[PDB]
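> Now for the letters of each chain:
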Amino acid sequence: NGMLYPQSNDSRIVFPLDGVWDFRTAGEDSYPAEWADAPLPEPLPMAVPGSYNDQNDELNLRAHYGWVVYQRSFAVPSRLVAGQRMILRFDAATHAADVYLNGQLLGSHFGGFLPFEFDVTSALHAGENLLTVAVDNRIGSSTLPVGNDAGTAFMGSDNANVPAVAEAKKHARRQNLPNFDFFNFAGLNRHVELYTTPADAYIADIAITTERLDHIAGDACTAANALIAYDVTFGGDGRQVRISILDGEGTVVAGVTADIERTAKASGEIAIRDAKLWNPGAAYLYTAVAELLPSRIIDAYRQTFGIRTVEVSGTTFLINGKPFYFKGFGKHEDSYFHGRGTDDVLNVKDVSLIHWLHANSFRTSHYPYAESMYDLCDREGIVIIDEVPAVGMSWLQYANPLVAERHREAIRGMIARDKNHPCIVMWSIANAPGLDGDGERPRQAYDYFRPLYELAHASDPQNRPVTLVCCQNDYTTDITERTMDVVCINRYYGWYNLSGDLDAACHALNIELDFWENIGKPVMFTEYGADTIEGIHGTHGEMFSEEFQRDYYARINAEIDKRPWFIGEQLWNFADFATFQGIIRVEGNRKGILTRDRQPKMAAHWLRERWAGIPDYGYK
Amino acid sequence: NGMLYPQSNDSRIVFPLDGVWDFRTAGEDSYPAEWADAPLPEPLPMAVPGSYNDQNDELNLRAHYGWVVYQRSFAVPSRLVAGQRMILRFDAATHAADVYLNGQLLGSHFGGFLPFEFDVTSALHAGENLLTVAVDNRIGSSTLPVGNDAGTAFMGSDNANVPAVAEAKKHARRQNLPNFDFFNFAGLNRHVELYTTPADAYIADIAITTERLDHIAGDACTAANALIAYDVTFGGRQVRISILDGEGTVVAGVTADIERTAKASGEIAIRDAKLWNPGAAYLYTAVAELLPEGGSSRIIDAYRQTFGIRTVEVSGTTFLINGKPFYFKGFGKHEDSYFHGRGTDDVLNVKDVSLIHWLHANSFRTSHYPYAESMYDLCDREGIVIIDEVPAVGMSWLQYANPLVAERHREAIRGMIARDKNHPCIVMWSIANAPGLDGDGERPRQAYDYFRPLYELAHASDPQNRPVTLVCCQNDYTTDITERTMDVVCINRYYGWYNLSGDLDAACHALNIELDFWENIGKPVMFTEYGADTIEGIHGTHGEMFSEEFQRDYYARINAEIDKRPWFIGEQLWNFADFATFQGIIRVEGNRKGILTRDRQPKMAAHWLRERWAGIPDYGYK
Ligand SMILES: O=C(O)[C@H]1O[C@@H](Oc2cc3ccccc3oc2=O)[C@H](O)[C@@H](O)[C@@H]1O
Ligand SMILES: O=C(O)[C@H]1O[C@@H](Oc2cc3ccccc3oc2=O)[C@H](O)[C@@H](O)[C@@H]1O
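Going down the list, the protein sequences come from chains E and C. FYI, our numbering numbers position 444 of the first sequence as 444, with every residue one higher than the one before it. With the second sequence counted from 1, adding 1000 to any position gets you our numbering.
Some clues are possibly wrong.
[Claimed, not checked] Pulled from the structure, derived: some chain E residues nowhere near chain C, Cβ distances all over 12 angstroms:
1) 158
2) 220
3) 447
4) 507
5) 513
[Claimed, not checked] Partial list, derived from the structure: chain C residues whose beta carbon lies under 10 angstroms from chain E:
6) 1009
7) 1020
8) 1051
9) 1077
10) 1338
11) 1346
Keep in mind the hints are simulated off the structure, nothing from the lab. Virtual Cβ for every residue (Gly too), placed ideally from N, Cα, C.
Start from the sequences and build out the full structure, keeping to the hints where you can.
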């Protein structure tokens, strides 16, 4: 289950396959399999990584439904492949892919936001190799994220009772209809690379955990002793693995040799004296170096980690034993040109903006992000709530075992990929599913989600808190949200209801806060906000003005400040982002406190000033 | 002098070093050299490739003056470096760099827009290697592009006679003051990679030229015969040259003797050759294979060089591609985007080429510096013509007497042409943008004496011997004696914008007076800039300056005038898209003369131009 990011070292090399590929669109339900046997005819250029949808203005690829086919050639020296295990990794292909090498089907993947790989040792040959990747963008009632099989996209307008409308629907061009509020960007959204490991025996997975901290400093910068655990998995076939712990300056501060036992695994614990802890706003990273022993080294892998604990205790959220307060937002992987394509310039800039704002956290709304963003947040001291793509869900999905299977894959896959990041403090198993109502519906939702809550706990060796992000609903008939480790609520009082009336919005919010006060869980906002067009101004700000967005946060935040059990404020959204078109989306979702080009609206300045005065620890 | 882009094949591998590096700002005139000896203290993250300026909103890196230091570590298997020649290539470090590996100074480079490399065979070691790169952003009276040592940035406002202003200037924080109208984005703007070649003997350079075409078809798609030439240089006997067509079929091949300094050269006849044309690209591959003594079947080294078969000839007032009279449709561009700055972005390059097609344009100029190599490969495959330009922008008489500037200028011309010579999409070289050329006394002759040797140098350096131009600023064309001697006259004119403002009747009258002057000169003439700053969303029934309507009306009126001149062979407007500049009173969040917004969205004028260009053929318009 290990999916360690490809590394280059004395025992391993990575050969990136990013660049400008060849590309063709294909059919709604098929593509020509023979395209894997020869160069694509009349190809278009297509940069990888990137969504394909915004990379060709002659076409309207945002309207594309079904398959596209990518292809490129590559060659590597015979010297490099000799005796090695050769692996082809796709960091993400959104949503499903069939992969061919030299005309041989390697296999397929379903799930648009997690990495997958193939052993191509036997399919590779000398000279030029032809790599063909068919990618399917289709979403529907059995996918995560969820699409609608008929009707409209989420938040779409209709006149369904007009006979002409009903008839035209029957014959309209097939389109994906997201049951979620972000554009269905598709393609090779993240990197592609060929990499090598030793063949006879190799490191397959590494898990590092913080088991216990002894005598944590008052400022939490250090602990007198930290007990960490390692678990290393091997593939291949009295062997041993050397584990070296490097501090921030690369000094080997601890080292052990562990026996490998057969399924082939080595595990143990290491005590670190005067351990330097990882904290929001004050990152510190160690490296665990694993070396498979025969002076020689057979294989090696360098795994970054941070030493810190996470504990929900009553209505507090303790990081290294200190009461943490979330400041931040949901984000999206979204930008002009790239779409959902990973862009590390943008990631570096965004992390700097999180600091400029004096925020300390975000959520990976609504899918796991590119691996590089978590590495960045590890080094920059920004906390993450890591979320699977289970958005758009309701009772139709809970009754479908295929969806449950995909959901379990997404949870296991996210945690297997991301478990070693100190920046991740909580897992989210869904966003805005249907949880409330009458009859059997609330119990049916609980019966669907409770085993997934348990799965996220079982899968994470650090046993971090697990939540489910709840959409505005009848909280009195929802019986699932209140059972989560942290209550995470999306609320739009004064925007989607009581519209523009901030007094009424705050009154309604306080009524629901009184409800949560009794439940006795820690609670935080994971969404709240107001669409805002930069440059629209009013002396008495109305909806869509910069002033209304600022006033909205000023009023709502004054209310949650009065509740000691309310442990965080993550707003919606960090930045404006693309959506399916519709009458409430002014060139996408405009609830960003920043524009899509990362420029600050009035509310961003107001929030920066507020957040400057709120400490990471001890606010409540 | 060869700088072939790194390739992976059976004898060569490339190891990319892009990613998130460590980064620190340093001083105005220095940086700590000891930072090369250990990991940078308290580093910031910085993505490579990219400009650094817009990658950290906590800092104000747009205001930074002087040095920054990049650093990262890397490791590669010993088995792959063993016995190989190891080269570290920087596609671009803007503007100057000192490079260290494991604490050893490899060397330095000046020139922010062309690649450079170091042999690191001896400096590499097993395990982790520490690569430290100091990058200097400073510009001034001896750099290309040119900065101002004092005063204001180009087209900056001043009240120089106010004593308080004069005094405050003396004590103001040092800042780069561009003498050019684009922001001074700096850093590791393009890719970094380590690559290998065989050590004993290897291919160092390849030049492919189209020497002659016989009996070109009426539609220019083919010629009965094409004579091409190859010139292969080696470092560190025979080389096999194979010519592969679009399907990879070997249609021609010769084995050539290597003579010492070590080179092989010759000619190859291609019967029924498929030609490269604007709007109808066709590419061959020349595969060069170094053969062992002497001799066996095995290959010592190989390189695959893309090329296209086409001729370029200025004839009277026509610009002939494959003997057909071409008409340029397009624009100056910039490598410019949110977040990336001047950083190369192939998603953006792929998108921009699709927009060039959407507009029905056929060409652009690399204003005002050589672009990333990948964009030329893309234009080769997409049939888009390029005017390739060096960063000699902001120049005036202060520079012409400066030997360091002249050397840097010669370096840029030789470096650009050495890097870019094999692209069929490149049809013309530009040796400068908007230098001072006119005036009285000795000034016009001084400018001519500076630029004429550079014109000759561009001709001597290009084995294809393509036309050479100098892109001319709006000036007194009657006292300029340099522009009229270029192979194609390329003019930047802003009648109705920077002069006769808003009066399109007067602008067209003035343009026609200057066109009458060029009609007498008897050379082919094209626009390389003309336009109007335009804020998307500003509208008027009678469009005034900055409205979308005025921009549309501007092109409608000016283009109607040049359509009347048979010797006017192209229209490249300013600009493809809005881009960042130094701040000032005439730049509304940068330069807004884009027909597209900075996010590549079309203004009214873009739609009008799309319809116009749809009706103008690549060949035979005039
Ligand atoms: O609407 C948004 O901006 C975000 O909506 C979230 O889901 C919710 C939608 C509504 C709609 C009407 C009334 C209350 C709601 O409460 C919600 O939580 C969704 O999580 C985001 O992805 C959307 O972008
Ligand atoms: O001004 C621009 O938008 C571009 O100007 C070009 O150079 C010239 C500037 C001026 C200024 C005042 C009057 C006439 C001018 O004519 C010019 O040719 C320059 O090449 C571009 O880089 C600028 O962005």
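> Does the nearest C-beta of chain E fall within a distance shorter than 10 angstroms of the C-beta of residue 1346 of chain C?
holds (4 angstroms)
> Taking the closest pair, is the beta carbon of residue 513 of chain E still more than 12 angstroms from chain C?
holds (34 angstroms)
> Given a cut of 10 angstroms on the nearest C-beta pair, is the interface hint for residue 1077 of chain C held or broken against chain E?
holds (5 angstroms)
> Per the stated criterion, does the least C-beta distance between residue 158 of chain E and chain C lie above 12 angstroms, as a non-interface residue requires?
Answer for residue 158 of chain E: holds, closest chain C Cβ roughly 29 angstroms.
> If we take the beta carbon of residue 447 of chain E, is the closest beta carbon in chain C still more than 12 angstroms away?
holds (43 angstroms)
> Could you let me know if the closest chain C CB is still more than 12 angstroms away from the CB of residue 507 of chain E?
The assertion about residue 507 of chain E holds, with a minimum of 37 angstroms to chain C.
> For the hint on residue 1009 of chain C, just tell me whether its beta-carbon gets within less than 10 angstroms of chain E.
holds (5 angstroms)
> Under the criterion of a CB-CB separation shorter than 10 angstroms, is residue 1020 of chain C in contact with chain E as hinted?
Holds: closest Cβ of chain E sits about 6 angstroms from residue 1020 of chain C, inside 10 angstroms.
> Classify the label on residue 220 of chain E as holds or violated, using whether its beta-carbon is more than 12 angstroms from each beta-carbon of chain C.
holds (19 angstroms)
> At a threshold of 10 angstroms, is the proposed contact between residue 1338 of chain C and chain E supported by beta-carbon distances?
With Cβ-Cβ at 5 angstroms, under 10 angstroms, it holds.
> So, as I understand it, the hint says residue 1051 of chain C touches chain E; can you test that by seeing if any CB pair is closer than 10 angstroms?
holds (9 angstroms)
Going through the hint list in order, the structure satisfies each hint without exception.
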